[PDB]
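Missing here: one protein chain of the complex. Every other protein chain is in place.
Residue numbering begins at 1 within each chain, and the chains themselves are lettered A and B in the order written.
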Amino acid sequence: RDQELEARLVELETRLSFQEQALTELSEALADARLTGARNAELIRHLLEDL
Amino acid sequence: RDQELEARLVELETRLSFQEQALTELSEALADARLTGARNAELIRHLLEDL
Partner (left out) sequence: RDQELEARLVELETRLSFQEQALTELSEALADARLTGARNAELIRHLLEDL
């Protein structure tokens, strides 16, 4: 009758699944942001020079 | 006497809670960073043009 433990496992599994998905999305978005940062930095270095 | 399992559940629950909180904070900070990137890109596109 100790199925309290299994219900909790099911809850943690579910939470963990959402976390995993969130993480993947945050990694993708950050990879893109970092590339934009890198590009911007390089554009700026140039503008600085042409002045 | 197999309460070893429940202690472990409690540990994972706790770990998961900190992860969730961390994720939320990282999402907020990234959303802000991305907007700054977007703004910067647009400012730069202009400077490039006015030169």
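The definition used in the following text is that contacts are C-beta pairs under 8 Å (C-beta built on N, C-alpha and C of every residue); 3 or more make two chains touch, one makes a residue touch a chain.
Enquirer: Mind listing the chain B residues that contact the chain we can't see here?
Expert: 5, 8-9, 12, 15-16, 19, 22-23, 26, 29-30, 32-33, 36-37, 39-40, 43-44, 47, 50-51
Enquirer: Would you write out the residues of chain A that touch the absent chain, in ascending order?
Expert: Residues 5-6, 9, 12-13, 16, 19-20, 23, 26-27, 30, 33-34, 37-38, 40-41, 44, 47-48, 51 of chain A touch the chain absent from view.
Note that in this section only the chains that are shown with their structure count from here on.
Enquirer: Return the distance between the CA-based centres of chain A and chain B, expressed in whole Å.
Expert: 6
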